[PDB]
Amino acid sequence: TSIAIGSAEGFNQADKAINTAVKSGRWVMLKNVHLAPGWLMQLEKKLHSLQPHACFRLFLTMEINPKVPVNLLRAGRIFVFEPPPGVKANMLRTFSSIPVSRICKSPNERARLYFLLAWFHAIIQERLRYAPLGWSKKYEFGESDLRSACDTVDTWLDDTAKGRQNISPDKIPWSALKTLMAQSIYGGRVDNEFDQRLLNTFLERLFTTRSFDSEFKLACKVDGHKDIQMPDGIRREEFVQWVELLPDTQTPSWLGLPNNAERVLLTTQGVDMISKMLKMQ
Amino acid sequence: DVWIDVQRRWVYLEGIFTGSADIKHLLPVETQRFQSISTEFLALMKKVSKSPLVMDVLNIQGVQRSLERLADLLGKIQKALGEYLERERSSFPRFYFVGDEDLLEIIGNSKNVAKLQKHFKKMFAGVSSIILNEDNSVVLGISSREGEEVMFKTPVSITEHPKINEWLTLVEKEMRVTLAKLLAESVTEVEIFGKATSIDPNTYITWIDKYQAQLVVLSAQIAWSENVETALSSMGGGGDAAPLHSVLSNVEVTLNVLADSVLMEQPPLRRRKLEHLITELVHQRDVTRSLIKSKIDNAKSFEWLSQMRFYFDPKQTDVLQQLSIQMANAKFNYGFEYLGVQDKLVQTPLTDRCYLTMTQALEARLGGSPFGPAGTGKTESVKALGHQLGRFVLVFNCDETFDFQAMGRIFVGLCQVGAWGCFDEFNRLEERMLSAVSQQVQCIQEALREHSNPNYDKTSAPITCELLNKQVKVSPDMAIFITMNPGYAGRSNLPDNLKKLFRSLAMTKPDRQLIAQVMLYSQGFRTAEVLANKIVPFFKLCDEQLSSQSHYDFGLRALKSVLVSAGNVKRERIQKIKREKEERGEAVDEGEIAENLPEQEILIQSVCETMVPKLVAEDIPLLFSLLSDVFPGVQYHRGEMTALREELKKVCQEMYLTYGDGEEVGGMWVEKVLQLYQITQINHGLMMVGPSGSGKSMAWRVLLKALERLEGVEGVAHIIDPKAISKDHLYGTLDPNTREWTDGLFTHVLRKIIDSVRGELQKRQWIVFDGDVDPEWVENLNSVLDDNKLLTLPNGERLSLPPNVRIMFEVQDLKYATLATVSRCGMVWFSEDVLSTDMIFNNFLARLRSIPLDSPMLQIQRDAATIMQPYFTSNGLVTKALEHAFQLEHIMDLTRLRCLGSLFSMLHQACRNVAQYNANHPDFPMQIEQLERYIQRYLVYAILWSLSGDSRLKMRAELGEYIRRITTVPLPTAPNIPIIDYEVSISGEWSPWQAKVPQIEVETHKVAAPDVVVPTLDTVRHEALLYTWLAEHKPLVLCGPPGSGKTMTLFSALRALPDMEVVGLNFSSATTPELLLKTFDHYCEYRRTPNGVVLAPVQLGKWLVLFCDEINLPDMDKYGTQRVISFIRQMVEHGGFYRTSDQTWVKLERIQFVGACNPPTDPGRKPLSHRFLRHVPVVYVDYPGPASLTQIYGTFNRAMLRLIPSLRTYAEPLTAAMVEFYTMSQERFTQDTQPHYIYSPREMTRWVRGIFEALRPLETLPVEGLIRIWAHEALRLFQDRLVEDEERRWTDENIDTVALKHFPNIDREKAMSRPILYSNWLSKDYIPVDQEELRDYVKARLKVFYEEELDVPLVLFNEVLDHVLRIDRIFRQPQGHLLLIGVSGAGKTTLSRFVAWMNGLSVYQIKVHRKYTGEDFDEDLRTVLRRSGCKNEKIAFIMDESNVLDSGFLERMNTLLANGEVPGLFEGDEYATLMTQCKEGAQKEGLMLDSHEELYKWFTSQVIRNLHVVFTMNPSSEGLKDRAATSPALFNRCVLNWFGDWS
Amino acid sequence: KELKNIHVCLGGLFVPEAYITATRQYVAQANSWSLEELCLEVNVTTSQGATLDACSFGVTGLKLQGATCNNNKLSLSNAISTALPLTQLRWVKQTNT
Ligand SMILES: Nc1ncnc2c1ncn2[C@@H]1O[C@H](COP(=O)(O)OP(=O)(O)OP(=O)(O)O)[C@@H](O)[C@H]1O
Ligand SMILES: Nc1ncnc2c1ncn2[C@@H]1O[C@H](COP(=O)(O)OP(=O)(O)O)[C@@H](O)[C@H]1O
Ligand SMILES: Nc1ncnc2c1ncn2[C@@H]1O[C@H](COP(=O)(O)OP(=O)(O)O)[C@@H](O)[C@H]1O
Ligand SMILES: Nc1ncnc2c1ncn2[C@@H]1O[C@H](COP(=O)(O)OP(=O)(O)O)[C@@H](O)[C@H]1O
Ligand SMILES: [Mg+2]
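Protein chains in written order, with the UniProt record's numbering: chain A, 4067 to 4347; chain B, 1535 to 2388, 2410 to 3098; chain C, 4502 to 4598.
These are calculated hints, taken from the structure and not from any lab test.
Be aware that a few hints might be false.
[Stated by the list, open to error] Below, simulated DMTMM-like cross-link-like pairs (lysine to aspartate or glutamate); rule was C-alpha separation at most 25 Å, straight line:
| no. | chain 1 | residue 1 | chain 2 | residue 2 |
| --- | --- | --- | --- | --- |
| 1 | B | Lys2034 | A | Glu4304 |
| 2 | B | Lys1865 | A | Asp4220 |
| 3 | B | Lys1849 | B | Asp2011 |
| 4 | C | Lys4502 | B | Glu2152 |
| 5 | C | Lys4502 | B | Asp2153 |
| 6 | A | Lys4171 | B | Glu1897 |
| 7 | B | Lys2043 | A | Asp4081 |
| 8 | A | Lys4204 | B | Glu1964 |
| 9 | B | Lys1697 | B | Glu1548 |
| 10 | B | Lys2261 | B | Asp2670 |
| 11 | A | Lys4203 | B | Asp2030 |
| 12 | B | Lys2986 | B | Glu3048 |
| 13 | C | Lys4574 | C | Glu4503 |
| 14 | B | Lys2068 | C | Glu4518 |
| 15 | A | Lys4082 | B | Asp1937 |
| 16 | B | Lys2034 | A | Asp4293 |
| 17 | B | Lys1613 | A | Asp4217 |
| 18 | B | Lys2094 | A | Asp4217 |
| 19 | B | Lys2004 | A | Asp4081 |
| 20 | B | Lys1834 | A | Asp4225 |
| 21 | C | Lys4505 | B | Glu1622 |
| 22 | B | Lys2033 | A | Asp4225 |
| 23 | B | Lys2043 | A | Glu4075 |
| 24 | B | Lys1652 | B | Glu1622 |
| 25 | B | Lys1834 | A | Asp4081 |
| 26 | B | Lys2286 | B | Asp1634 |
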C-alpha cells in the first residue's frame, strides 16, 4: 500500500494501512514524509512500541533535508539514492533495472540498441557533475527519461520489425529514435540552444548504422591515444560482461569533455575529505 | 444542540423542495416523507409559538423524542438526496461541472428551458445556447457565443424524452453526430477544391460560409493530409518525378485566394474563418516545402510521421470514430466537441515540438508539463492541441487553496466527462498538496494504462479509479496538463514522484518572427515578411537597450498586443479612407486602398499606442531612435482626440484640476490620460505605475467621467485595497467541512456584475486594485488577465470576464510582482514630473476659492487665496522652500504631497482663524490690510512647520534661515532667535512663543502627575501645531524617541478640543486590522443610511480619535507591506473600508486617526509607506534639552520640596543632580548594548514622583536624608535594569560623584551608606530600613508564609531582600507591572508570590497544558479581569515566558498592560454579563452608573488600579530583542528588574 | 567621435548587451542602413597591432574556454582559458549565404 504524505486524509490512510499491515504482514510505503516533520515523530513512537508481523515492512521515501527527525533516522536503516559514481556504475545500474526478458526479444538488434541507450544515458548523467561545462544547468536527466527512451525504442523497433528475428542496421528507424530523444524524451528538459546542440551532437554520434560496425568507437582519445571500443556482441549478457571489464580509470575525456574539467573538483573534494577527517577527530 | 441543526436542515430542504416544484416527479417517496416532515414542522410551529417561554415548552413531554426522530429523518432524507444527485451525475457526466444548487436548479426547471440557457457555457466547450422552436419542445440545434450555430440533423424532442438527463444526453450525442456529418460533407467539398489547378474564389467563399470555423480548418487539414499521403504513396518507387510539387502548388494557389479574400471587407465570422484557414495553409505550405527539400519519397519516413496527419474513413459505420489524428506513433480519435470560434495559434517549430511531446505523453497515458518563462504560450499551446483533437479543455488557475479535496473533485469531473484539465500555475500549490495530488494523478494514469490494454473489452466491467474514497469511471479521453513557471516567486517545488508522472517540455524561446509574419499575413498586410523581420528584432533590441524596469515587458504578449492593435488600426484606417472617398467623389476600389497603404506607419502607430505609455523618461528617446533606425524614413504623429479632449476639459474644470495641451501646464498629465484611454481600448487588464502622488487616481477618475459624458455609458468604479484584507476575504473561502463556498470581495463584485440584475452589463465597470501587488494574491487573476478572461475558483466554479469590465491596478511600484503579472497587463507609467507642483497649487487655490470650509466664509477664503496667489507660482516662495527642504534631513522620508497637504491644512486653519476673528468682532471685521499681513506671516509659519516639522532643531533653523534669505514677507527682526520660535497673532504681527510659556507653580499634591505638563517652547509650539492639524480632522503622526512626550503633547492638545474623544490602540509586530475592527465594534456603530452603510461613534456630536501608540511596529510581509497600514491608508484616502461579512462598503463618519511612533531607524521599526505618509503630516518631538528639562523638573522639584520648608533651598541643586546623572546614564547606556537600555524624561518623572511619595508623610527631614532618597530612587530607576556588574558599579560610583558635586557640604556616610534600603514594612512610613531588621522581619513573614502558603524553604541573602523590596515597591503603585528577567530557578516566581501575599494580592497563574489554546487564555483573562475590575480584588497575575504558545498571548497581554482593557475580550453574552457585574460592583462601591460607556470606563479604572502583571523570562539575547517588538508595553509599561543568575 | 575608438571591457560594463546594441546602432546610422539587417563578425588581433574601420569596435577581457585563437582560427587546447588580446566586432550587411 503506497500513500503520499501531505494531507489529513493521507495521515489517516497511513495510520490505517500500518495498523492493518502490522497484523496481516503486508508492506506499507509512505512517500514524501519529509513534508510532515512533526508527524514523523509520532510515527517513530508508534513504531517503537510495536511487534508487527514477520513479513511486515515499512518504507519511508524522503528527500535529504534537516527537517527529518534525528530519532526517526536512528530508528531505521538509511539508504541514500543518488547518481551513480561513474559511467560503469551507471550502465550497470541501468542494465540491472531493465528486465532481462525485455532486452532479449524477437530482434537481436534490440540488445545493442539498449546498450547504446545505456551508454548515452550514462554519458549525459555523468556530464551533469561538471555543471558549467558538461551542460549549462543542472538538468534533471533521470530514470524516467531512461524508461521513456526504452519504451520508444521498443515501440519503434516492434513497428519496424514485425517479429523478424534479425533486421539490417540500416532498416532500424534511427531518425525516429534520434528525433524523439532530441525533442521529447531528453530534449524536453533542455531549455538552451547550445545544450540542445550538444544533445543533438551525442544522439547523432551514437545512434546510427555505423554503431553496428566492429570498428565503432564509443569515445575517442580518452587518455593518450587509446579509445573506448564498441562491443562486438549481439546478446545482453555479452554487453553486461563488457561493462564489467571497464578499466575503472574514468576521466572526463570519456564524456567528451577535456581531462582538466575535474582538476578543480577533484581538488576541492580532496580538501573537503581532509576537513571531514579533521571534523571527526 | 439538536434544535438548531434540525431547524437549519428543514429550512434549506424546504427551500430546495419549494424552489423546485418539479422535483417531486423524480423524487416521489422522499417527497411524501418530506410532506410528512413539513406537517410535523407545522405542528411544532403551531404548538411552541403559542407559549413563548422556554420553561413552558421544556415541561411538555414528547418533544425531545420527536426532535431526535426528526433529526434522524432529516439526516436520512439528506443522504438520500445526496445519493440521488450522485446517481443523476453518473448519467450525463457533464453535471459534474455544475454545483449542487445549480444541478437542483436544472432538475426542478426541466419544464421551462429558458432558465437552462445559462448553464450550457459551463457544461460545453463552445455551446452557449440551445436553439429551440416556438413550442420550446424540440431542440433544433446549438449556438455559440459568437452567434455561429449548428443545426442538428435530427432534432431532439423534449416531449418524447421528458427526463432532463435523457434529452441532454441526446442533445450532446446529436451535437457530435451532426458535427461529424457536416465534417464529412465539408471534406467531400474540399476534396473537389483540392487536386485542382485553379480555385474559384466565389465557390471557396461559399464553402467557407457554409460550414463552421472548426470544420473548414479540419477539412482543409484532412484534404492536405490525404493529398500528401497519395503523393508519397505514388513516389514510394524511389527516384521518380514528384507530384508533391503539385500539392505544394495547390496550397500556394489556395493561399493566394485566401490572401485576396482578406484584403476586401468581410463579415467578422468569415474573416475569422479566413484567418484560421490562412494560418493552417501557411503551416501546410511550410511542411510541404520541408518534405520537398528533404526529398522524402516514402510515406513511412519519420519526416512525415513526425507531422500531424489526418485520416478520414467514410467506410466506418461510427461517424465519431470516422476521423483519426496521428502524430508519430500516437493516435487519437476526434472528440467532436463543439468549440465555437476559437483563436487559432501559429503552428511554429516550438508549437510542433509541443504537439509532438504532448502527444507522446498522451500515448504513454501520462500528463504533459510545459514549463518556461511567462508569455511563451505554454497554456495556449495546450489548449490549441486540445482543440485540434476536438477535446473539451478546461483551464484551472491554481493556487494554494487548491487542496486535496478540490483537486480530487476536479479530477472526478474530468474522469467522468472525459475532458482535458490544463492546470496553470500548478506550482502555486503547497508542496504537501502537490504530494497528495500525486497519488490521485498516479491512480488516474494507472486506470488509463489499464484501459489502453487490448485485453480489456468495452462490454466488460468499466475501468474505475479510487478518487476521494469512491469508484470513479475514467474516460479514455481524459488528459491532465500542468503549465508552471520555474523560478518565479510564490511557486513551490514539485516532488520527484509527481514529476515522474508528467513528460516535461521546455518552452522558453517562442518563434516570434514566424508568429508575427503569419499574423500580419492573415490580417491582409502586404509585405508581412519585412514587417515581421523589422518588428521582432525591434522588440529584441528594446529588451536589450532599454533600462531594466520592473514594469517593462517586451515578450510575446507585448508583440501579440502590438500585432492585434496593428490589425485594428489597419481596419480603422481603411474605414476612414472609405468614408473620405464616400464624402469626396464616388470611386472606391478596395484593392487600390490596400495597395497604397502605409503598413509600416500602422505598425509604428501600434507600437507607440502600446509600448510608449509604459516607458520612463530616459527610455523614450532610446525607443524612438530604435524606431527611426529599424523603420527609417517613416514617421507617425498621434491623432488629436479632440472629442475626448473637450470632455476632459469640462471634467477637469468641474473637478478643480489643471488641463493642458502639449507643452502647457498639465499637458503631460493629459497625455497620460489619453494613453490610459488607448490602453483601456486595447487591453482588458491595465496597470497605472508610478511614484506616490503622480496623478494616477485623478487620471483614471477623470477618464471615467469624460467617457461617461462622451459615450453616454455610465461608468462605475469598484476600488479595492487587496492587501488591506486577507486573501480569503478577497477571493473567497471553501469550507473544509461542508464544502460551502463563501465569496470574497472581488469575487462578489465580479459575480454581481455578471448577473447584472440592475443592468450592470450595460455600464462601464472598472475594478481598480489600489494597493500593493505581490504574487500571492495577483496571480489568482492570471487566467483573468489572459485570453481565458476567466476566474477559476477551487470549488470548480468559473466566471467569465464580461467585455465591459476592465481590471485595473493603481500601484507605486512593481518590485515584487513577477513577470507573469507584468506581461498580462498594459502599463501606463506616471512619473512625478507628470504632475507638476504648479498643478497642485492650482488645485488647492481653486478648491479654496470654490469650496467653503464651514457666504462670508467663502469670501474670506477667496480673499486669502488672492493674497497667497503670488507665493504659489512657479519659482515662487513655496516652490523654492520645498526644493530646499528636500535637501534637509527628516525623521521620515520626505514626499512633496505630505508637506503640501500639511501646508494646505494649516492655511485652511488660518482662514478659519480669520472667520473666528470676524465672528468675535461683529462691529469691526478684519480689513484687507490686516488680513494680508496675517495671511503672509501665517504662510511663512505654515511653510516652516510643514516642510521641517519632521526634522530636528538644526534643520528647522536652516530652513528658517533659507526662507529669510529668499522671502520678502516681513519677518521677526531678532538677530539670533530663529523664525520657528515665533507665531502669528490674529492681529497680523509676529509674536514670540515665549510669551505663551509662563513660569507656573504646580500644586504640591499634583507633583509629576500623569496629566500635568510644565509649559515649554516645544510644548506650546507642538500643542498649537497639533491643534491646527486636529481641528481639520487631518490624520497626523508624531515621531520621536520613546518617552519624548508625544502622548503627553497629544493629550494636552486634545484637552483644548472638548468635542473629541480619544481611544488608545497599542500596535505591535502582529497587529492586524482586526484590532481596529474590534475598536470600531466597541466604540462605534454601523447604520444603513440611504447612501450606504456608515460607521459612526456611538457618542453623537463627538469625533473619535483613534490614537495608535506604535504605528511602525506591525510586521511587513516578505513583499514589504503592512496590512494595518494599508487598512488605515484606505480609511483615510477613500474615507472608509470594506465589511467582509457581506462585502459592503462602509463609510467612516466622525472618525479620525492619530499615530505615534519611534524613528524608523530604531530596531523593530519599519519605514512607513509613501502612499500612507502622503496623507499624514509628521511632527518630530525630540527629547527635552538640558534647559527645558531643568525648567520642567525644576518646577516639579520646587512643588515637591514645598512640603518641607527647611529643604526649600535645595530645589535648584537637586534638580541639577537629577538632570546631570540622567544625562550621563543616557550617554553611558544606549540601545547598542542592550535593547532595554532606554532612558527618557519618563524615568525622571518617576524619579520626582518617587521622591514625592517618600516625602509626603514626613513632617521634616535633613538634607542628608533627602540625598539618600534621591540616591535610592536613582538606584531603583537606572541600576535595576542593568545586566553587567561593571555597569552597576559605574552607576553607584557616578551617583556618588554627582551627589557630591551638587551637594558639597554634606555628610557622605550618613547619606551614602551603601546598603541603601527603603521599606514601609517595619513602620507606617517609607523610611529607610536596616538590613538586619529587614532580614529578621522577612524571616518571620516567611515562616508565616510557609505555614499559610507555599511551604518551600528559602535562604535569605542580601539580593533576596533587595528583590523583595523592589517587588513591594512595584506592587504599591497603580498599574504597576513587573518584568523579572533572570535564570530559571532563581526564585522570581517564589519571591513574587511571597511579596504579593505580604501585600494582600491574590496570586493568579494560568495553568497551561498541551491542549491550551487562545480561547483558554481569553477565558482566563476574562476571569482575572472580572475578579480585579468587578469584585475590587487586587490580583498579581504571574506569567512566565514558557506559558506563551502563540503571538495572540502577547497581543492580548500588550493591550491589557498598556490600556488596562482588551477591546474585543468581552463580546456577546460575555459583554452583557460583564456589564451586569460591573453595575453590581459600582452599586457596591457607591456609584450609580447607567450607560454602558461610563460603566466600562469604571471597569477599566478598576482593572488598572487592581491588576498587577508580573512577567518572568530567561535572559536571552535575541529573545529580549524579539519581545521588544512583539510586546512593546513589556518595555515601556513594565518595570524591568534584571535578577540574572545568583552572584 | 572619440568614444568609438576606445576599447571597453564587456565584463566591466553594467549592461554589455546595451553596448552591442549601441555599436550596431552607430554602424547602422553611419551607413544609413536598416538596423535589423546587420550581422556581427569577430576578428581577434593584438591590442597594439590593430586598426578599427568605420564598423569595427574594440573589446578587451574576453576569455576563450578550452580553445586557443591563432590567425583568427580556433584550435582545441588543454588550457582552462586563453586570454584574447583584442576582439574587433564589425557590423556588416546580412548576406543570407
Ligand atoms: N490634473 C490635475 N491638476 C491639478 N491637480 C491635480 C491633477 N491631478 C491630480 N492632482 C492633484 O495632485 C495630487 C495627485 O493625487 P492622486 O491621487 O491623483 O495621485 P496618485 O499618484 O494616484 O497617488 P497615490 O500613488 O498616493 O495613490 C492630488 O492632490 C490631486 O488632487
Ligand atoms: N503560436 C502562437 N501563435 C500566436 N499567438 C501565440 C502563439 N503562442 C503564443 N501566442 C500568444 O502568446 C501569449 C501566450 O499566453 P499564455 O499561453 O498564457 O503564455 P504562458 O503559458 O507562457 O504564460 C498569448 O497572447 C498567445 O495568444
Ligand atoms: N513639559 C513637560 N511637563 C511634564 N512632563 C513632561 C514634560 N516634558 C516631558 N515630560 C515627561 O516626558 C514623559 C513623556 O511620556 P510619554 O507621553 O509617554 O512619551 P511618548 O509619547 O514619547 O512615549 C513623561 O514622563 C512626561 O511627564
Ligand atoms: N532563595 C532561595 N533559597 C532557597 N530555595 C530557593 C530560593 N529561591 C528559589 N528557591 C527554590 O526554587 C524553586 C522555585 O523556583 P522559582 O521561583 O519558580 O524559579 P524562577 O526564578 O524561574 O521563577 C523552589 O524549589 C524553591 O524552594
Ligand atoms: Mg491614488
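Each hint, compared with the structure:
1. B:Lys2034 with A:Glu4304: Given pair B:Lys2034, A:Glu4304 is violated - Cα atoms ~31 Å apart, limit 25 Å.
2. B:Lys1865 with A:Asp4220: 17 Å, holds
3. B:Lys1849 with B:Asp2011: Distance of about 23 Å is within 25 Å: holds.
4. C:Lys4502 with B:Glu2152: It holds: about 22 Å lies between the C-alpha atoms, which stays within 25 Å.
5. C:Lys4502 with B:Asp2153: 23 Å, holds
6. A:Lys4171 with B:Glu1897: 22 Å, holds
7. B:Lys2043 with A:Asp4081: 47 Å, violated
8. A:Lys4204 with B:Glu1964: 24 Å, holds
9. B:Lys1697 with B:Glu1548: Holds - the C-alpha atoms of B:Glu1548 and B:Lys1697 are around 23 Å apart, at most 25 Å.
10. B:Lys2261 with B:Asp2670: 17 Å, holds
11. A:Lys4203 with B:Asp2030: 18 Å, holds
12. B:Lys2986 with B:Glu3048: Holds, at roughly 19 Å.
13. C:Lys4574 with C:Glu4503: 30 Å, violated
14. B:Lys2068 with C:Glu4518: The given pair, whose Cα atoms are some 19 Å apart, holds under the 25 Å limit.
15. A:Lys4082 with B:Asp1937: Status holds; Cα separation ~22 Å.
16. B:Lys2034 with A:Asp4293: 36 Å, violated
17. B:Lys1613 with A:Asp4217: 47 Å, violated
18. B:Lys2094 with A:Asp4217: 39 Å, violated
19. B:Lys2004 with A:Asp4081: Within the cut-off at roughly 19 Å; holds.
20. B:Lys1834 with A:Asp4225: Holds. B:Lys1834 to A:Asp4225 sits at ~11 Å (cutoff 25 Å).
21. C:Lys4505 with B:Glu1622: Between C:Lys4505 and B:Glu1622 the Cα gap is close to 78 Å, so the pair fails against 25 Å, i.e. violated.
22. B:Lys2033 with A:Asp4225: 29 Å, violated
23. B:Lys2043 with A:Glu4075: 41 Å, violated
24. B:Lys1652 with B:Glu1622: 20 Å, holds
25. B:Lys1834 with A:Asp4081: This hinted pair is violated, its Cα atoms lying about 55 Å apart.
26. B:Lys2286 with B:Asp1634: Given pair B:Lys2286, B:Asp1634 holds - Cα atoms ~20 Å apart, limit 25 Å.
Checked against the numbered hints above, the structure breaks hints 1, 7, 13, 16, 17, 18, 21, 22, 23, 25 and satisfies the rest.
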